[PDB]
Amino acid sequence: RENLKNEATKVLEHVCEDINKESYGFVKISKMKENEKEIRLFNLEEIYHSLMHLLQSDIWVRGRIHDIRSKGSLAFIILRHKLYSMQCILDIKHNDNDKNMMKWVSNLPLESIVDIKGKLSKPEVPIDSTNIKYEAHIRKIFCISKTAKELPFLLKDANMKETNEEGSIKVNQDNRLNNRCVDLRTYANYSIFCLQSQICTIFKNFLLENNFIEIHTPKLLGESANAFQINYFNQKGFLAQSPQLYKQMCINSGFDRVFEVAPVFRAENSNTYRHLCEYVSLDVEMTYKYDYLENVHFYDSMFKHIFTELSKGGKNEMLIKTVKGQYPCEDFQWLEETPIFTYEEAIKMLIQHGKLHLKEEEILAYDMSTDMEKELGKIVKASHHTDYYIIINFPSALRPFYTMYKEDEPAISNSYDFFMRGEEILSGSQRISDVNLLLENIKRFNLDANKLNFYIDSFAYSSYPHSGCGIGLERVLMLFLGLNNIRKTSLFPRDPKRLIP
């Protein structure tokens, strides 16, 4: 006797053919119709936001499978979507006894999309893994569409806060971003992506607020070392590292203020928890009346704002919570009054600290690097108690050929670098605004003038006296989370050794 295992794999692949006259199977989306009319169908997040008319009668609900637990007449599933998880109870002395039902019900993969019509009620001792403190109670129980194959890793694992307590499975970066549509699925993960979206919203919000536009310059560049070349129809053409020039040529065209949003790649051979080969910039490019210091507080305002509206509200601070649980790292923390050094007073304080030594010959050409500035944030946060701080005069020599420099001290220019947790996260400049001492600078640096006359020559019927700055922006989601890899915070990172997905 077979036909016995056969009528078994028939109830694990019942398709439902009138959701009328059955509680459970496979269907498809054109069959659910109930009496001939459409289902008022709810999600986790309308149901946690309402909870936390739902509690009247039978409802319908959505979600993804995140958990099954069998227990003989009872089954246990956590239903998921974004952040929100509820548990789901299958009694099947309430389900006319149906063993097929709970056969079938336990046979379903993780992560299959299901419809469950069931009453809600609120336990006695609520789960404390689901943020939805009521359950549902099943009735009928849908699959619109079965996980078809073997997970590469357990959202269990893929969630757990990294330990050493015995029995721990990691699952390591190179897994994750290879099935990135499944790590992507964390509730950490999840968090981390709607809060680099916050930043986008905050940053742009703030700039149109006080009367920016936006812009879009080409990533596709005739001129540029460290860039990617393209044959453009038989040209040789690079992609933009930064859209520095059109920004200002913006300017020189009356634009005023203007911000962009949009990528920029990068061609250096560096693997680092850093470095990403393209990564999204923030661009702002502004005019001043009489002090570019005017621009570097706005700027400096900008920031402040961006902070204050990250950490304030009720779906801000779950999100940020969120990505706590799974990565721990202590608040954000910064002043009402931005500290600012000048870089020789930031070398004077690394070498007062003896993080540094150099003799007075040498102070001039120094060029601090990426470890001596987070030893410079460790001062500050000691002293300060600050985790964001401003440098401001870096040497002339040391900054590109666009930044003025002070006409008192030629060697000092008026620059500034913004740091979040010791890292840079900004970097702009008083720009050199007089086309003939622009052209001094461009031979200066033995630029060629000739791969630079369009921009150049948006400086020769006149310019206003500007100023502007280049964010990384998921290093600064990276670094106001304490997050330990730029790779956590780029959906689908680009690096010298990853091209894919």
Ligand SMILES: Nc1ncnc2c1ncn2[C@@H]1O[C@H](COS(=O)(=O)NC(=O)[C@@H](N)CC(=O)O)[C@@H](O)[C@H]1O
Given for the second form:
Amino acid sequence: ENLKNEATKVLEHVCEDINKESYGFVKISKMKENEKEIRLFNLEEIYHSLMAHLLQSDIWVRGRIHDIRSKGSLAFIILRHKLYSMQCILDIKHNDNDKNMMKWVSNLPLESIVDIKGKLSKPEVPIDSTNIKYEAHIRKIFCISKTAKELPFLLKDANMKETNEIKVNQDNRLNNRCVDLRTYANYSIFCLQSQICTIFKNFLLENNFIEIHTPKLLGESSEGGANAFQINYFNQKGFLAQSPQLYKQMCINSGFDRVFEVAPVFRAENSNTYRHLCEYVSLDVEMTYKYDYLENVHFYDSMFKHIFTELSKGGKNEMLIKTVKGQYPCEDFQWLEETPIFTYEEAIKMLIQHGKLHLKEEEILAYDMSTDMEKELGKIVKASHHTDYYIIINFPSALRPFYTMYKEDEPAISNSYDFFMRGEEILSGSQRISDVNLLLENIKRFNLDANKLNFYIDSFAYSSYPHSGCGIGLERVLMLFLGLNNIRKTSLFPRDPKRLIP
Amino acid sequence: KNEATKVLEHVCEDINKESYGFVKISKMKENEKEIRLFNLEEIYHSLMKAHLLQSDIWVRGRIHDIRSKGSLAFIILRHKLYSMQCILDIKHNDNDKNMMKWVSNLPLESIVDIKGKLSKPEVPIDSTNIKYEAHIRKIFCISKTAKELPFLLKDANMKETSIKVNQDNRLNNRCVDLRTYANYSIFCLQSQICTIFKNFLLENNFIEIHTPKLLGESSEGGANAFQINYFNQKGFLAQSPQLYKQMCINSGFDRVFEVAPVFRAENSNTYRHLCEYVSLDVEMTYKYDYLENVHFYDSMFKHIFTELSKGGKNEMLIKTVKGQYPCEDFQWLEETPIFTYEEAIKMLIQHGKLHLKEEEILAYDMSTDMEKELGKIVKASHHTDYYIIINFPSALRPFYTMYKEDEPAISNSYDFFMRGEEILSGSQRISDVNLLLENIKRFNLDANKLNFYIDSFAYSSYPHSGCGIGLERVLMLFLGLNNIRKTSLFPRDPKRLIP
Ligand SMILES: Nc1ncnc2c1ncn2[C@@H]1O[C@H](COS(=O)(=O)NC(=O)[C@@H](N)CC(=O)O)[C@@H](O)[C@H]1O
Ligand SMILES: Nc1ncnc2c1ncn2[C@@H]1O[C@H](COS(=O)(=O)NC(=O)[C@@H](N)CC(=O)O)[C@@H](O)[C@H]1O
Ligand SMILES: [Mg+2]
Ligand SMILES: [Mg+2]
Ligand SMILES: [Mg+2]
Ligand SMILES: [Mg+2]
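For comparison with the form solved without the ligand, please write out the form solved in complex with the ligand.
And the full complex, kicking off with our chain again.
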């Protein structure tokens, strides 16, 4: 059985001089012992340069073993980095016929990280797997991090467009999120999430906004205490912020004029749905207006048209979106140069007219449109206006929060607005009550405790500029832009009433 | 003779006919002509760095100061860090003494729309950085101050020396306090730091991530973590995104940053730390030497200082802060000094600040007071406010810090300092799952509760490093302010949860 122990020695071989040797496990320190300094490439650089310094001589490249197929005297490794994959071929006949090198390579587990020294060349029929259409012929291969554990599922299965033709279910993916995020579509999803944050902030900064950061530990709930997480804050009773609502208004009352925040909020929703989470990233805007709050509404509208335009343009966003759609197909998000705006009353009458809703004229003012009904409206507007994006305005005051300013001449109606993507709410906002006495009256009208809101209310007591604002769900915007079926696909480590882990 | 009160409280019912009064915004809409409403920032940038000078204009602002004498009233109008004097001379308003009475009675902080003519006086007053004046033709109040202010903004703007508006008074009245010229400027500079940080990282191929603050197990140690009941699960608030930013690198994202709150149940109430703050976090891979990333983080901060220190807007913001809170300009070198921890301690010993033998240096855990003493030494010897310490003792760093395999008492760790105080802490990470489990055991932590994090290393881990940065601390130390509560909008500390 000594033969088996010699074989074990080969399979476990640690390389001690990478100048003499062509394979083995190596500490990163020992690549310092190389006679030359190493210019190490990643696959993103290779893709963008090739799809001359890369084709001339042997190069060094690092990547994860996405796939490895042993075929006798040949072995085929697909290296992966981000979105990019490249085939690397070990041919024993080109490596002094070293059978132990092949034995060691065949034994490498998937997802292991290797540094390969090899020569790039363009084959006749390139692998259809790899978006790098060159192949590396391996001269040396060293493993700097060996996979230690059997994978919870295969990336080949996890990447598959889900059909009835192995599905990896959501629980398995979320439980092993650090493997799930390696699929091409999931990588692309979160690159796009970052893009949304960048476009949002850059548009606001170009329009003279400053970024603010307001606390999430509160003494009082921001949007209604029933769904606020409670905390013990040094023997005080505290809550997590459901929104930065109170503080962004306080900042406008303090003179900051145009503010935005990109930050977590926490909502103790006791419903476990496909489209909401208990923790999410709110994009909040608050700003003054001159004489009409519609000034700000048109501004928020231009902001979203800009987001859509920027998400839909350029090579890299196009590639990200196409990569998502490869696994999760959906028609491209559509919007108009003139966003359709409907009043709540008009929207109701449209739904009744299309036979989607039945109400007596008596029942129309108090009617509270369901999320399913908002989706039906989305379908109607998609058919009639050829857009996935529109605005509803003038909600009844009774259905909006206490800080929403009502129409002076028609108080049952408020100066409020929701924006919709594919028939689902992405943004909610309103003209704010900017008179401290009207604000106290509305707080009382809503049976809220003004004493507990004193720090907020007092911020209006030394003048208040006319102002409005909005709050936006980042994960929901991304989900609906891509047409994904669940908000857990656009939150990195989702939180819902059952899931605190990972 | 009660018509005087009706004058004082006058509500204007037609702005085309009248020249003063309280008005509803809807009433302004009744103006016969569309109103091009200017703010003081536009006026400053157009005039101080011609439409505004050939006609009556409309301007909105807050009444910062008001004085009247006879036929003249003087209003200082304020917006952001800009102020401009406006003058009512009722010889040019039909000698309407009632207008003078109504205007003179407006309370401070009231928001007014003024229709007037701009002109450049021979002698502009010194306090207004707009060196033009507005001669008032009409003035309407769209929001009247309702309550007496808790302190005068004139007092709150003064350099401290009789008058002093104390910190508790200010923070209990934060939305008034934030109107001082310095405080406005501080939080504009905070936003500048976030912008420069993100743009530098984006230009270097990073992506922004958002990771949860509701956790099943604390990220930096349970003694200082807030607990929460999460649907009858026992959880914590994140003290940092440490576990998740490493998990994102293990997931292949390669270069990530996060700008987000963290929560720390800090044992103490001190001038330089808070219980909630905004952490700027970076995590990235390296090729063969973690020092690659350290030099990168160093370039990031040099870039931040460079952009904060530039001419134009940022220079005016800094000047405005220093007007109330004077401090020497922040200085940094073209090449950042880097000291090992041992070198830093030996510098303290050489200057007589510490007495340690050689065999005691690595066991010594440098206090914040001694870090400050070191900052003074380095300012005197190297003429910089910014430097780096590397190679902290392993036993004094967190469990995820990789030690030097050939001298394990030392770690591949680093802190960055501004004016002698820590702004950044980070390290090469343990990226071998077996070494990670051993170090977790060595720090007597619970591998089972950290299982979701440990498991993220079990399917390979890239060589990687990272860092965490206190946003408010960076701003505080850049400006030389005496308290971190000056650089956090609504501060949280062990006593203060409100506002
Ligand atoms: N549980 C959840 N999961 C994910 N996204 C969610 C969500 N709940 C809401 N959102 C998203 O957050 C947005 C704002 O939340 S909100 O409608 O409750 N409004 C406001 O809060 C006001 N302050 C805003 C203002 O008036 O400025 C929604 O439109 C969704 O996109
Ligand atoms: N209570 C407080 N108030 C304000 N700022 C504070 C603070 N505590 C810390 N900071 C600031 O946050 C930074 C990071 O915090 S830390 O030193 O605890 N390190 C880490 O956490 C690792 N994960 C980082 C890594 O290794 O990536 C500090 O340098 C301070 O500037
Ligand atoms: Mg809704
Ligand atoms: Mg809503
Ligand atoms: Mg320290
Ligand atoms: Mg520290």
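Residue numbers count along the first chain shown, from 1. Rigid core: the largest C-alpha set superposing within 1.5 Å between the two forms.
- Candidate set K33, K451, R69, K443; criterion, C-alpha shift of 2 Å or more between the two forms after rigid-core fit; matching residue, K33.
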